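Spelled out, the chains give:
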Amino acid sequence: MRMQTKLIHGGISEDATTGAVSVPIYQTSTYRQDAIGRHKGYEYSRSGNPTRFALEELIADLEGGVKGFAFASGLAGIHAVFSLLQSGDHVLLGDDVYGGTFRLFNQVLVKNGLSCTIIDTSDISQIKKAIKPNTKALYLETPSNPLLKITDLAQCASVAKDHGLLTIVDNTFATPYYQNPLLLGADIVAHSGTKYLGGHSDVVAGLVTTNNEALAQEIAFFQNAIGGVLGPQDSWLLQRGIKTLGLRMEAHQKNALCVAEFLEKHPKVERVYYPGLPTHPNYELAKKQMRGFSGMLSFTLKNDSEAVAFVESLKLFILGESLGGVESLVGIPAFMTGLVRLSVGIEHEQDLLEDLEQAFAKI
Amino acid sequence: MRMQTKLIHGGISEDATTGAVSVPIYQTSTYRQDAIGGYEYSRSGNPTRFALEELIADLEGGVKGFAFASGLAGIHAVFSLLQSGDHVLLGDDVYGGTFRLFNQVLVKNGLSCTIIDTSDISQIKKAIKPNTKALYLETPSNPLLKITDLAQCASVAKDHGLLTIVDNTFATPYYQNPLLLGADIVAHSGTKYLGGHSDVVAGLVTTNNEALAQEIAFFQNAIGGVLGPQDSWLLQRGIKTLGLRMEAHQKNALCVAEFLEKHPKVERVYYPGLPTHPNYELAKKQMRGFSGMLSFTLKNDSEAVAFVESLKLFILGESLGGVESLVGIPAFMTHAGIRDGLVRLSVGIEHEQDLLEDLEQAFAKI
Amino acid sequence: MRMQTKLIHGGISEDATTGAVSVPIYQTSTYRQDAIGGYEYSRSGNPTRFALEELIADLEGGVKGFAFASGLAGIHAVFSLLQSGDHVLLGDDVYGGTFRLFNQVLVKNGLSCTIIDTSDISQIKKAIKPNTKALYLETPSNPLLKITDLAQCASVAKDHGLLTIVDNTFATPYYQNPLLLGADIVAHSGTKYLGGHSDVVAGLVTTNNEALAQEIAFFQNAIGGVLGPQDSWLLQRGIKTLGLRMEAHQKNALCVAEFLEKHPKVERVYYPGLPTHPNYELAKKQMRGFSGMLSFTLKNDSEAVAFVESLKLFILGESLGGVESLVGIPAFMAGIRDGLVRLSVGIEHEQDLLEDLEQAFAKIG
Amino acid sequence: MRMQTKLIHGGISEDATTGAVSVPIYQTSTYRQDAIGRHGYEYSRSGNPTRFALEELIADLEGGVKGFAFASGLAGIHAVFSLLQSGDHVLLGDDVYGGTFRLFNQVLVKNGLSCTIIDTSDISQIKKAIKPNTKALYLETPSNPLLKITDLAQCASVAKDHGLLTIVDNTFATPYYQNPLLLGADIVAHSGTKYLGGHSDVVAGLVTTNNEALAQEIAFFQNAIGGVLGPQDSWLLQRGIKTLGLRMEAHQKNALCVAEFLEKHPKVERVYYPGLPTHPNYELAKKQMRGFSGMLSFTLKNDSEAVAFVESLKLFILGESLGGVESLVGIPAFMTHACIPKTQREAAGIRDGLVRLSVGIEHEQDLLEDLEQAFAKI
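Residue numbers (the working numbering), protein chains in the order written: chain A, 1 to 363; chain B, 1 to 366; chain C, 1 to 365; chain D, 1 to 378.
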């Protein structure tokens, strides 16, 4: 079965006992057991839950892993991933990773004996040079946010492997529909389900999956030990949202192209950051490792002062703080995470252009 | 507003714009701004979650409330307040998962702990180091229901540089308020009595202190182990009957304890409400009642499994604090005074007679 | 919402319950509670004061605002964050009372300072000590209108562990917004351009930073140098015409600068709006306009007092930033010659202002 | 009116009096007049409706106030330089096409003017070379045969900040992919002979301008020197222009297929094409250009084999010109730059292994098969 068919029938997508084409929401905390040391499969909802498990199975099935793990948020998942390491360990970050991941290290992890080194990861040599005797992981994120900066996954993975290093990839922007880091040498993949996977701006969730059984034992342990689990209703809604991913990602791509092209041939606009443009640095690398480009695009205007007047005069893009939803979103990462980030939604392309038009006419 | 009225109308229990007597569920990740510069992003804040947070703050007399994906998610973020190189003092019978947090997650993140009997006040004195930054209390204890003087402990804690953190899961806010007794931070598993219907996994933390509130607020948002709006809403709904439930829990538990103690095959009963309990007077002092938690040791240890496996009403299972009665053997589940034969009962709200008849029939099988 | 609009509907410009287009004046000291557990005590919080604080936060791009009994009391509270044995860099011509605050108040409390020319970015680099915590800028500067590059000094301070503190009184939030140029704390003497009507003594402070906001709040409350409700309200009221007043101030100040410059009897003229002014290109870049503040030194230095005492429209007085024209010799009230005349150009008719100057010049040698 | 529509309806594209959807060919030397002092045509060296129609079109297409049609690309360039007085100085591109270099070297130099060859991508080199009597800067982008890109906006700005005029040769990128008058240039020159005609069947020059006074000046020397384009060739140039949009779309697509083929090839070294992301100033190229033409050049590894390669080509026509519907091939080192000593050639970046292609509008596959077999023989 193909990706499109897997989004609908993958993992667990059916109640085995009733035939329900939808996995039931197990709003429960505990489970009755036959004799002690002989359970019915589930013991306690923090450790495992049939609804959450179905979702965890789905994301594993999609990214080509052995196990999935659903979390209360993207950050909670990432946090649990880094709980695999001791104090005295080192991690190499990309120079433009998501701000909350930076704050995770800066303010939570570093504090606990975990050191990081920020480097440009599209500069393969900057990673070669940055490894210390205690470096235990390489944390990549491509396309990056904002700026959509592409990193070479297979290369970095190869390089991380001949050193005793973990390749941990944040696949949020380019979904499992467009990119599968585990098939390119990654050990652990993390998403914000809060974004595209959910895709209706109505769930806060993180998903992690892995290629490695030993890694999976570890991640499980810390999901259970720290307990930042995804609830069953959210799990169910995430899975429901995931069902449409393919169609949504297609529509996201189609729209964001029209938007990028229109923006590039504009008098008010200077540079434009989108992976689908032949004009974007490493465009070739992208077509190599991505089956498509999402709906994210940063960009800048020649007049750097108007940035805030432009964003605030738009009437169809929602001025808000997330991305990856069916509604188009807009931000300015200066005060949020003269650069303007667009999360192109799945509204009619013309209405999106007409909305950008009228907001340009105003500056 | 008294406790029993507060449970229903406390924190935010109403929708202000619409008038709705229930808080609406905000299944939403992000909010439109008229910005740039109330709500911005659901991990940082959410109206459903907030209403519950205000509720629990209101019930414990804290300045802020914090809702987590699980009890443990809450405790974890509480200990994220500390730097590597810091020292923590622990109870010798703290909940199994709390001990595992330190042993498996927090020690390897550079924190050190020391296990002392918290009912022994001089043991806490003797165990204090220069890097000791906090004392962690759980009373009554899981699973032996051991009682610890909260005023005394917080007193000794306060006149060193120490934080007094209390897990108040067993007594809930209906029967004990550690903040009003000198504690700095209070943590619950909302999965237990607060939800009460064994259908939600949830943590709740609250604090006396405005600055401490900012720190927890920081690590709630930064680590991101937040309760979802649906679970927040359901947990709030559960809390509305907390008062009535705890009374039934206490009435039944009292009845059961007095049955088990008078029973031929039983050796000791651990229940704070039994006059013969170590620190029974101290319980009456710091608690407005005892919950539904008790455990007992049966004269012949080898019969504990067979006893537990032949109960027909009590559900053999992992958790506690629900309307349905639960039973476990701590030795083989959640995990000094703990013998393989120890049996822990979570007395639910069924008919006292239905619960007694169940135990009667199970003893007849050993 | 644009700045011109924001001055009228920003922060809180309306009573929520009643719909009043003006914030009501809460002449109250205390509030009934349904406690134990919004407003508790007027020193901690007052709805009127808060309205003004929200407005300034909103104007400067801050997260919180803070209203004080005076510009000084605010500056005081800002520096109250620092421990003893800490170090601070000061502009060589910061406000006379800002020096006297450090010189005589904060020093004896264990604080240390170094006077530097801040328009010399290399000079600040030369003065950083290991115990230095903050740089304090003031541009344009009293009374020479010396301009400092906010963006660079912020950067230089940012890559060290330093706090950028800016006194934005002169070029108001309408012309300059330090917080967007990498500043951490902005402070105003509300007594000046913000009130605009020479009838309120006030100080306003705002910040980019949550943790700094917690701190400033703490010290505003603990020292208690808070602004009253009536003064807050009058201040907010004043702020509503800020945009209109600043435009007229500039239009007049440029008109006067060009008169004084082309004048035989005048030596130098200090005004950021003059092309031939140190760092004029810098002014244009970080400021959206030049204000009503200008100074000038005349050729006959001893005849400075005779000039000032013969002005009929301009008022010889002790302040600035009002709708009426003010004049003072900053020496009587390092650049400052005992014949430097400082002009606070009001919003009166320029012809009337120029005709007051003509007649004053026409009485000295 | 979008550009694609302008090519069909722009300037004068209709006979107002008869209805004709084609401008009539005016094979006439003269016109009857109504009375003395009262013409709107007098003599066809000054004015002719057929040529004027095409002239309007090129002004319209390039955003100029007036168009000028000349007997050839050179005639047009020459008429432009006929503005400057004896004594004047000109900054010239080093990659400038033969004819234009020679125009100065062997015609304009002996007539008072004088030049300096400078690289125009390197903007400081222009600044360093401005003399007090310098009055003009002549740019060609993309260039021949290496396709160097040049910043039109900034080069036009630096020239305007001095006393200078900006003259751009917009032949390669057509008015369909580039519009220098809209980037601060004052005069635009084309070889109509090339892409504008499109069918390798007309020799013609086109010049247009922003400036009312420059328009007057160019009109004068057009009429005074008489290097005017004839009415039949004007008409054919206009006819070819009607399909410029389409032809350029096909050229670009075909050129890109070939570009990508060539650089994936083991026997090739550098590929010079502005439409490759790997190309120098590809960034700038995208900003000022709306598309890349059919012109590419490539060097093969074994320098000497370029000859054997070209001789086996059976679809690419070995020929001097460019910008036609048919695909053309040449070796600049021999076809156009044999007079320049091989070492100066290599300095200028022109090796004996540099082959140039004017990719036509044949089926991209056939063109690829053609290159495939030719490579196979070496």
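Keep in mind that the hints were calculated from the coordinates and are not lab data. Don't take every hint at face value.
As the list claims (entries may be wrong) - Result set (DSS-like, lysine-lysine): computed pairs, CA atoms no more than 27 angstroms apart in a straight line:
id, chain 1, residue 1, chain 2, residue 2
1, C, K64, C, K240
2, C, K284, A, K302
3, A, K362, C, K240
4, D, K242, A, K265
What the hints assert, rightly or not - Not everything, but these chain D residues come out facing chain A in the computed CB check (under 10 angstroms):
id, residue
5, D122
6, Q125
7, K128
8, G275
9, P277
10, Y282
11, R290
12, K301
All residues carry an ideal CB built from backbone N, CA and C; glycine is no exception.
Going through the hints against the structure:
1. C:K64 <-> C:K240: Between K64 (chain C) and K240 (chain C) the Cα gap is close to 19 angstroms, so the pair holds against 27 angstroms.
2. C:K284 <-> A:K302: holds (18 angstroms)
3. A:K362 <-> C:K240: holds (25 angstroms)
4. D:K242 <-> A:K265: Holds - the C-alpha atoms of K265 (chain A) and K242 (chain D) are around 24 angstroms apart, at most 27 angstroms.
5. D122: At 22 angstroms from the nearest chain A Cβ, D122 (chain D) fails the 10 angstroms test, so the hint is violated.
6. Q125: With a closest approach of 25 angstroms, the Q125 (chain D) hint is violated.
7. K128: violated (28 angstroms)
8. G275: Result: holds, 8 angstroms to nearest chain A Cβ.
9. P277: holds (6 angstroms)
10. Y282: Holds: closest Cβ of chain A sits about 8 angstroms from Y282 (chain D), inside 10 angstroms.
11. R290: holds (7 angstroms)
12. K301: Check failed: Cβ of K301 (chain D) comes no nearer than 22 angstroms to chain A, outside 10 angstroms.
Consistency note: the structure conflicts with the earlier hints numbered 5, 6, 7 and 12.
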